[PDB]
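What follows is one chain in structure tokens, specifically the form deposited without this ligand.
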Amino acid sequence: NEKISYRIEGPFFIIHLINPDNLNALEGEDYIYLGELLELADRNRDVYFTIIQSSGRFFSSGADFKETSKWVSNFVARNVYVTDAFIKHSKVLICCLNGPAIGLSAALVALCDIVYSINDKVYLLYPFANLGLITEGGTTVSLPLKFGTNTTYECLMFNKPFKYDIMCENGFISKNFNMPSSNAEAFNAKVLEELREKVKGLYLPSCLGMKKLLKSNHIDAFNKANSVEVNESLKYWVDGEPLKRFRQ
């Protein structure tokens, strides 16, 4: 893949979105690829942390759109697959939010264990109501969990962003680096520099044991959300509203 790279640095398996010119819009095969990198990280016994980093001004603008139009099966398969990979991952998922994330890629940011922001202009947008669709990527559970149920209805029902202030107010962001949006690259490096200091001394397998115990609180609910979100959407696709809306 040309749009996504990865490397391993000690106990950190680093994944990087490197298509800043297209706002790291991602296609179905890019979400499959992302899911296969998480499988590589999950099987590497040296890796303890999987860091998701991007580039440019946006973290990701979400799904890139260009009865064979029954092409929506490959769209739903790709969503379920990469959502499932984020849900079951056993290594510590850390998102470096270098800017806004929209759609499915905003959903994956909400499934990460720890999130860091470049600055206070980041936001998460879930435009399901404007696309004639419903929750996806496990957001049925992840948004009420991490932002509270009333805030969640305000954002989702009226297609409004989860902004920085709301993020800080719910503790979704562990640390804001307060750095210019023109350099994601320095933000990417300074997070890894800070991660290298905080793991010194620690017994890393302990991080994995805690995560495993922590993930069991909601693992059923996340897995069921992945399934009922798909099921419930089929009828939106059969009606055809998403198909108009997905064109302007």
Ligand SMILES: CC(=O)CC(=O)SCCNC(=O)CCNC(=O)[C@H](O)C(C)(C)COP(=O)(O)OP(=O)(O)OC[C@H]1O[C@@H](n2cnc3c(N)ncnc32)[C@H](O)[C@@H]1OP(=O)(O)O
Contents of the next structure:
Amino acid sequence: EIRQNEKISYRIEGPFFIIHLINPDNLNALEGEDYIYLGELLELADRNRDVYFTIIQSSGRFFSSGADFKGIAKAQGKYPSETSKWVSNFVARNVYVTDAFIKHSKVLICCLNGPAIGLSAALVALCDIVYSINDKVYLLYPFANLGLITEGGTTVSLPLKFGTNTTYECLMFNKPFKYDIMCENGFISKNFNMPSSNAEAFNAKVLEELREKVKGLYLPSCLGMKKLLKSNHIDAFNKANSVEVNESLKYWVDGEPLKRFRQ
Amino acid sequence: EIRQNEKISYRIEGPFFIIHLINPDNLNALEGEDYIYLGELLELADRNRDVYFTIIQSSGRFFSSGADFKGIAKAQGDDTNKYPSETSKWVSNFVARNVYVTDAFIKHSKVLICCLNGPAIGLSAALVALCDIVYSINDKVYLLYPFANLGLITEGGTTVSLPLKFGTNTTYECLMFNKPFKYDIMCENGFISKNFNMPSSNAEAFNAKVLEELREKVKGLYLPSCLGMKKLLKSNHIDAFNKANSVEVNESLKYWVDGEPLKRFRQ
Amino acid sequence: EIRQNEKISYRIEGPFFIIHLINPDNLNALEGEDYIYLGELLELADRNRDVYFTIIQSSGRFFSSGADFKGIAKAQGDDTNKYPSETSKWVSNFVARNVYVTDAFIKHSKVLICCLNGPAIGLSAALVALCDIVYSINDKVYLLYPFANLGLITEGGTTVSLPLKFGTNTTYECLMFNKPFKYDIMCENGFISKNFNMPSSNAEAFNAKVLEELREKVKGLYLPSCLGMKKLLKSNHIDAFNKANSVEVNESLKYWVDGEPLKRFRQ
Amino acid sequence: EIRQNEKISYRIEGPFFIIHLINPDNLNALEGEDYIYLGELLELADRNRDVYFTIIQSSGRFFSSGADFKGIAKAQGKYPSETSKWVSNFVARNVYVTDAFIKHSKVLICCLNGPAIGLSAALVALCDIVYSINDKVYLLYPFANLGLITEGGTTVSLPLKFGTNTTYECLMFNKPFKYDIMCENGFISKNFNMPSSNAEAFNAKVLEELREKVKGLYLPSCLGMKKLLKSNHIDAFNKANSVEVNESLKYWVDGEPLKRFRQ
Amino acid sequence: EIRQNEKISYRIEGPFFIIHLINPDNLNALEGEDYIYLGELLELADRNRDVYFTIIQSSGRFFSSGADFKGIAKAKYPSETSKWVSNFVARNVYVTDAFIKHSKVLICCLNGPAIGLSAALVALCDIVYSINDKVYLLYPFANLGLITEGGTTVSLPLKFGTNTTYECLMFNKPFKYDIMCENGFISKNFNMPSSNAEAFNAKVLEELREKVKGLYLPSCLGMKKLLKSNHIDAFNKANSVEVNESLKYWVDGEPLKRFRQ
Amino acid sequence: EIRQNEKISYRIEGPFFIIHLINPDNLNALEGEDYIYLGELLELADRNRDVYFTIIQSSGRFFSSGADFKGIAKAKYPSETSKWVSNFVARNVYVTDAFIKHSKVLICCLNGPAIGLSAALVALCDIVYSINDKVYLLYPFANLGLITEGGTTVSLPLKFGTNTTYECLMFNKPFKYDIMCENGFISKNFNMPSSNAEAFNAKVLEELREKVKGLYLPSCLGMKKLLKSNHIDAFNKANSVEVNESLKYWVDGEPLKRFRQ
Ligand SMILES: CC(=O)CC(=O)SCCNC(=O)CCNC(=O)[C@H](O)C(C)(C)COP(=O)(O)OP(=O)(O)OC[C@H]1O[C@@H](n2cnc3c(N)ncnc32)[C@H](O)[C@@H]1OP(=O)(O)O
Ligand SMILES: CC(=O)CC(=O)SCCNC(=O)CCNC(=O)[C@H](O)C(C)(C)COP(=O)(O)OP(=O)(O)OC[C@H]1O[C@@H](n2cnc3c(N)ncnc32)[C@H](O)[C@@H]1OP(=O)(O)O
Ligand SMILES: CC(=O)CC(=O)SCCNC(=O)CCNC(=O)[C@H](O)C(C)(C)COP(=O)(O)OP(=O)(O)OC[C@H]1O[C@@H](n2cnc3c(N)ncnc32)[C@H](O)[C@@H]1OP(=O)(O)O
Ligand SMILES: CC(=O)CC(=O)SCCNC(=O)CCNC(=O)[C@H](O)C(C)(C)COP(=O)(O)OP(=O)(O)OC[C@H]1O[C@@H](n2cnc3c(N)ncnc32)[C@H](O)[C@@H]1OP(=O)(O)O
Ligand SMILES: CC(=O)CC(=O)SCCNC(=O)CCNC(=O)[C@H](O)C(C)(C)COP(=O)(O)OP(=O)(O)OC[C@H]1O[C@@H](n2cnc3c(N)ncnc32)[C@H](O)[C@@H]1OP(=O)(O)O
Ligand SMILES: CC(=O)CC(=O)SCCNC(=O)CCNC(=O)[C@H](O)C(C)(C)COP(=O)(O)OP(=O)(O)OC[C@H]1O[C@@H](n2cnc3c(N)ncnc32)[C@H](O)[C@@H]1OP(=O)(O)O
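Output the form deposited with this ligand bound next; the form deposited without this ligand has already been displayed.
And the full complex, kicking off with our chain again.
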């Protein structure tokens, strides 16, 4: 049991805990409290002994356009200092949600129904397995354009999943990680090659294949294996989370991102 | 330049940035915003090219009794759904403040010296254990980390600093059973570099006496060497501290959300 | 000098210590004692100062179908309380053998080359992934790690080797859903350094052809440089592999003791 | 539920899982299967949600004189090779029991009623807290005298708990870690200063103090704190366990320890 | 302010500190003091607050054929050990360190092949652009009686994979264009003729000027500072071990024999 | 087989390779080439299969007063950087590495104080025995305008604790006998007069001969091999970073000024 959120729903079907971003008119842009909510849903799925897979699905043509810029503007009018304000508004929320993904014990699968940007794209890169709707998906990490730095564990996940040199080209120059680069790095495990106009049919088709794939598997093995796999990089992720959120503060406090967030 | 805080002052004397906890009537108990303020002062000292040493001093008979429990009660009474959930509330009230201040100490590039004028407790005691050098007023100082009694876990990097500075076995005895790290234990582990053996009734004299000795000790030294050496020494455990900070702050959340610490903070 | 094993032979030709799995009628399935024997052969090669390369070759259409399931059934039927508990039994039958052979591969100082003449499965496929260089007979080879289907977890250092050599996401897809790492995936990750594109019906010709090319490739090289370079390269991940070996072998115990794999090994 | 072992008993009193070595006539020397049994008891305590502390107590004048040398002689007469034999008899048992201690999630307390030697002394050094009966206790790691190397995680635990230089003096020259050195390094948290002739009264007195000390504590905090503390060195211990057991093999296979075990 | 070097020039254009290897007749082979000079240039660029990108460009058909073998023959000392500590150890540990710690975005304009220590430096850069599909990297340590240098112990498995690294290093085989492209080592191939490195160099600078427009450059550096921390310890450890372990090879004499022919 | 050095001798007695600093009139101050020579001696002892213990002994009232300041003044080069790479970087990275990797049990007979790089080497030994309670270690980096050397970045916090390390290093204070004994840095104080280092040296060797009786010596080495792996990576990383970061101090000139007076 958890509060309701009109932008994000969830349900459980057998061993699958399914989270659904349901705000396609706003390209599933997320406010701080929505990222927190995502973290709480992961933590709920993590405590449920019948759940073995946590599946993140979205809606419309974008997976998520990232942090809601209107909400960011709203966070500019209560705090004794700029530092205090950003510690509460940015630091807290980013460390919490990134942590929830890093430590999650269930197999985390992203159904990528369209592009993802910023912190939302970081979360995609923290998932264990990614399936794409079609070859038009991309991930964009526009930190250099926003006057920010790496977020959501991307310091670690991008070099790990895309290579160091590619990561520098994309991050330093604000270029997307496109479908081709995702496929070449084995970031996407299956492209479903469905039309962008029916995320819903894509979402259902992934779940249908997943039901077939798990048949006959000893599901506790999935979790036991993930527990060992996670240990390869868990320290690097936790270290990155702390430094990312604290090093980003000076950018917020300087003011550059607020200017740029307001074209 | 920075806002004023009636509980914590600072000044600069030569190469020393001196922070002073100045609320002895409340045993220098600190609220969330005071911890944040401390972090901001460290960051100010860290950016000042004339500063080589950041000296933390307090007042009265306690260094600091830790987090202000009245302020914690404040942060429980809501007004009225200011936060969408208990989780959101504690992310903002506890997680944010702890990760920020702990980080400010962990990364600080100036030599960080604690003048321990009495006992320290909880998160304040964690900040003491993050300092590079500690001087004690007398043999009645102790550090207490009462997490087991409060329904909490390690904070402020103590997951790393205590085993590092006191040994693993001693750390488990103290933390698991809510027992203080007393003067004798501090001295046996070289945690305290000098005991000044002054009366507890004059923190001011102790504070002045440490500053006086420091002015003498720095004479003739090449101060950029101090900082260059610290830069290398810090790299021994920087990763462990950064990893611990993130994990401590997130793992404590379930204790707050469960409610146990609020019950206990209210007896 | 070492005992003989009718399933695995070896010989030395110049700087090459050549190990040959020679039980094609049973797809070179291996029992516990055969894995141990493999470790002993590696240790023999490692002590021979004339050996610079340890080459592992097999026979027939499979490199190895993995652990021999008949032998596993053998190790279930007791005779009759030979072991005081299920735990004791599996410590001796599984834990011991896996930690030993995995360690022999992880620490091996000679250049370890796998001639992949067909598919490999399970612990045998883990040993392939521990080799420094892999050459394939043709594009029908694959590696399968069917742990999820057998009620087991990662073995033979695959916790480390698979994400390292295939990427994390691909590893989770294959391991979580019991899907093979196919030729195309091997080639895309540079796991296979050369595909010889020969028919599956002649592992012998493939084996000979790899040895022939190797004799050519080593000409003019300073062979101690190969070993010196490997010594440094190994240090990149040696700690991760040693940590994984201990954890894999101990964490698998509860799966054996629970009984699930025995059920499944028996269909 | 677990098989019975005439040399080692256990029971549960409230939040305490108490393990008792009960073979004082043989100085609580332990055979391979007894070390395995200890591991299984730890694993049982670890799975019991009412247990917060796992307390290891012994009997008589020695905590344990270490591996039973008669049993070692017995392991010399079935295996295709010396290697196979030692993999089964030594490697398996050492990795298993050392692992059980390294990963144990409950607070592990050793009641040190007398000296400990060899692998038994390694296990004492893996405990979180140690209480001594009196100032005559010592730990001896006689590997250099037996033609062996570090065991039971001592590669890590001894430098960690006693310092590097002291560890080299003791290990290289087969010298004990005596009471004074234990106290100076804070290895012993309390010396009870009771007579060596009543381990039983010592054991009971520790339990009596423990019952008093836990009053008012939030016990899940103890475990939550241990979980974080353990992470400081967990990787080093797991790495050491694997290399210790595999590097010791060549000593067994060479034969030196068997000669020496037989004066 | 720094001494001049006839083989290597530099200049600054806006946020770009541009280093230019300018000895094409000798395939930009470099002597010890030239490697040191490269390090000093990186350290100069690193201290300049207006610089955000350090761009390494070369000349002619080769990026660099590596260490100058005539200079090695050219190389007072109480022992062989002392000699090689001074001639090889010192220089390698210094220049490798300068690249490992550099805080500005390091971009290599790869105008042709690179070999040996020069190829190690290419592998330490953050971004690599190639002139055409004839570029390759060669690490001929096994043929020279040497071992890994310039952080290659770490950079090659990291950027090319472990298995591929072993095949190339153990058997003295090049990392060719195709292998570079499949591992994303090259971020863009400009597909220009090998006969005009200058035009390639100018074209990269032109595209860079376009790509930085609108970016908040301190973000580039802030991000690099975090990214660097993923492997900084491994690189520092490898540098020390590479330089010390190679000593026994030099002292044994094998490389000197082979460097002759 | 190795060159002779008038300041440092060695010999082998059974399983002991004994190195003897024999320049008491100059308090066994060591020049660069002497540090290199020490490294070469360790590497010789390490390759000798009959050696299980490498014992470092000195002469007179000091173990060693550290780097020879006359030799530093004495210290052709295209730049200050090149000079210090060759004179300081090379020598420090080499000798520190020789101690860090040494596989035999390394025992220091501390016959008096040690300073600077020599004191760093003492801190890298596995076991230390003191002549009497007047020994101390001094690391005067802050007074010389230098930083940590010889692996002290790691060895001092490891062997003395972090807080104590900061007090001593930041303020140029000695690690005295009492601090050494409280941290178990000294395994035995022989309590002999400072006027007879020779007798102390002989007495330690005598006790060592007694202590090894009955031990299986390959166990000593097998155990050390594992023990070393606890911190080997940290020491190798520190060596590289120490030697490179000190460069800017030498190049700035401060230490040379101060080394004068
Ligand atoms: C592409 C680059 O290279 C540029 C950069 O790196 S700089 C930063 C990149 N972009 C961002 O950070 C956030 C914006 N993301 C986007 O995708 C841009 O909106 C886009 C113009 C590129 C997409 O265009 P599009 O597909 O036509 O979507 P668009 O019509 O803008 O959005 C649909 C609605 O959702 C809203 N929305 C989308 N993303 C949002 C966000 N992050 N915050 C708030 N609202 C958002 C839009 O404002 C719009 O609302 P209205 O109908 O009220 O105008
Ligand atoms: C056996 C153990 O090991 C016991 C344990 O304590 S476990 C719980 C740990 N304690 C805490 O968390 C810290 C809170 N403070 C204390 O427990 C006690 O104040 C102390 C034992 C540490 C000191 O004892 P003391 O000198 O008698 O304190 P006291 O006289 O109350 O302090 C003077 C004033 O400062 C106030 N104050 C002190 N610490 C405070 C805090 N952390 N928050 C808010 N107010 C505080 C007191 O309430 C008091 O104000 P009033 O006179 O207006 O009530
Ligand atoms: C969809 C998936 O991804 C499926 C999965 O398989 S998950 C379970 C993974 N499989 C295993 O663990 C390995 C066991 N072997 C096999 O599954 C199958 O043999 C295989 C599919 C890998 C190969 O298919 P195949 O060529 O038809 O094998 P098969 O003809 O049985 O082998 C020839 C002989 O070798 C024997 N043999 C092969 N592998 C053996 C093993 N691991 N243990 C004992 N005997 C074995 C066979 O039993 C057979 O002997 P008989 O003719 O006397 O019965
Ligand atoms: C002290 C050193 O420095 C020497 C060394 O390092 S080398 C190895 C050190 N010792 C060992 O490894 C194992 C032996 N441990 C001991 O404590 C020696 O028995 C000791 C002589 C030093 C103790 O003397 P003690 O207190 O009089 O005990 P002791 O009378 O030997 O033992 C009581 C009984 O328990 C038995 N026992 C004790 N430890 C045992 C072991 N590890 N294996 C088998 N049986 C054992 C004894 O054999 C004896 O049985 P009996 O009555 O049948 O003779
Ligand atoms: C079996 C094998 O496969 C051999 C190996 O790979 S192992 C050795 C690999 N290569 C090295 O170690 C570096 C030495 N350089 C070379 O071998 C060659 O330059 C090369 C094979 C890389 C390319 O060959 P190329 O394009 O024909 O070079 P070339 O046109 O001769 O170069 C022009 C001039 O620069 C010189 N030069 C090139 N590299 C040099 C170096 N590292 N040091 C000094 N001078 C060098 C050439 O010697 C030549 O000078 P001269 O005309 O005065 O003799
Ligand atoms: C404020 C402070 O507290 C100062 C500091 O600590 S910072 C500087 C610390 N010390 C150093 O850096 C090393 C230099 N050595 C010394 O200062 C002194 O030797 C010492 C203080 C360590 C001991 O003093 P001492 O016991 O009186 O030495 P002394 O009897 O003069 O030595 C005998 C000879 O050896 C020489 N010697 C000692 N150390 C030497 C070195 N490192 N290089 C060259 N020669 C040296 C002395 O100069 C003297 O030679 P001359 O008679 O030819 O001048």
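So that the term is clear: the rigid core is the largest set of C-alpha atoms that superpose within 1.5 Å between two forms. Residue numbers count along the first chain shown, from 1.
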Displaced residue between the two forms, judged on C-alpha after the rigid core is fitted, out of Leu145, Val72, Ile134, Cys168 (threshold 2 Å or more): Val72
Cα displacement of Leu243 between the two forms, core-superposed (Å): 2.0
For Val230, CA displacement between the two forms after the core is overlaid, in Å: 1.5
